[PDB]
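Here's a solo chain for you in structure tokens, the form deposited in one PDB entry.
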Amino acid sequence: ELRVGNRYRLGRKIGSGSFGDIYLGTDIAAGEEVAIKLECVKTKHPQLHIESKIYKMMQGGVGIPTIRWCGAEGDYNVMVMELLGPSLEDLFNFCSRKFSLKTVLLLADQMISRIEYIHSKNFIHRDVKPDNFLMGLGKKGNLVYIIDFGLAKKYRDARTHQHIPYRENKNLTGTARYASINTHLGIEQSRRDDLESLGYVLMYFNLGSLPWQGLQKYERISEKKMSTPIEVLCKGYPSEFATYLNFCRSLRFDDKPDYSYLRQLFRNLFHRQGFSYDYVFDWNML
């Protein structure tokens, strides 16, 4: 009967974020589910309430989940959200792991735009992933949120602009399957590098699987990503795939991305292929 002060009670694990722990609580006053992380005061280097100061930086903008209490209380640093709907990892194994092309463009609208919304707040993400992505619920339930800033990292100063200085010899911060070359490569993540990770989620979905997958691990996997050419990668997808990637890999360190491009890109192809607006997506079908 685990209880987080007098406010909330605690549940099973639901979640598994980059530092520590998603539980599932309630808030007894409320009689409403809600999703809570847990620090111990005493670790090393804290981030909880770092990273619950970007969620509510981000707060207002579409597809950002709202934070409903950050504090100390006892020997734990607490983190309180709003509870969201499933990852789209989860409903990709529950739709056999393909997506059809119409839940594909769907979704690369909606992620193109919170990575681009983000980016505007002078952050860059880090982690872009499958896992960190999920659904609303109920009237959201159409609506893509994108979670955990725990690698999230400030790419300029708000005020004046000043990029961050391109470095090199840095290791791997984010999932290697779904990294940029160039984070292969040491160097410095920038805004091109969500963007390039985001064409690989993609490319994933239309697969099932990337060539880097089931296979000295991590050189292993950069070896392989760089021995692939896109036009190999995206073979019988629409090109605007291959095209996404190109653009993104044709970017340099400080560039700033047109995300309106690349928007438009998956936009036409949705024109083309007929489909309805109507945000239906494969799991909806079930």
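Take the two forms, superpose them, and find the largest set of C-alpha atoms that agree within 1.5 Å; that set is the rigid core. Positions refer to the first chain, counted from 1. First, how it differs from the form deposited in another entry.
- Residue shifts between the two forms, rigid core superposed: of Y200, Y145, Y76, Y155, the only C-alpha displaced by 2 Å or more belongs to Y76.
- For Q264, the Cα coordinates differ by under 2 angstroms between the two forms after the core has been superposed.
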The other form holds:
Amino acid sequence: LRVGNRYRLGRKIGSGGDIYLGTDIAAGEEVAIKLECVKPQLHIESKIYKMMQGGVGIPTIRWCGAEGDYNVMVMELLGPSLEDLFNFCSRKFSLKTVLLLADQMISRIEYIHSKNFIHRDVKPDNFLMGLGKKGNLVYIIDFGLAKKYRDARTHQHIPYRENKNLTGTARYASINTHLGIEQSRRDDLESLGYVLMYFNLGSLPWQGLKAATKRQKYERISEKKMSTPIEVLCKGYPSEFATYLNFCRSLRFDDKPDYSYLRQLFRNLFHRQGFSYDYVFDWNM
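Mind sharing the form deposited in another entry? What's above is the form deposited in one PDB entry.
The next block holds one chain only.
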């Protein structure tokens, strides 16, 4: 079974809505292939990927097209997601690994923002480690929910609006996203703050809530998230994680985040440990 007369389809390797391992027959290396039934967001997403190409940690798209009952996108092969690796590490990351990940993840989000888009679904499942020579590089994937937030030429910001439906993953959504406020740059970074504390804790305190329908469940998540102060969420971990989250929640809708300040919070903590720290992630030790 071939895709584009040139890619051999292999076994399924995930879903993000089905991801297959593939082989570039001509070049002889493996690839990742995403197939979508013609119902649609793959072609729109491919254009965003191609707008982002060249950035550090942005995957390369090898081919786009249609094959029978599927729209197809072929991407360079990447490794397991950070969720996969978190589970492999028994849902415990060392502080070193969390700080190493935080530095790269802030930079990936900054790059997307520099290209005039907001990601709007920041979660561990959308960060993948490279393979082989790129095993120390964090990649970001999935622009199916991404949105342009400013004009490319003038940088004029999209307007503030409310009554927006939740586009993303409830567990990691910002408070203002739960309130139905238009997402902006601050919300990508606030979601990352929850991801980092997720890595620190093994789970977040608004996980595991049940309800009749999705809407009621999101309301339960919203209530618990709003009633858990950052100081309680982050107790027992270096204060930098609370400082990060408080900074993100204090950003105005239109504010350009101080990415450098946020990276330096964690970089200073990392460097203060001196030689007691490596540049080796837990799963490579």
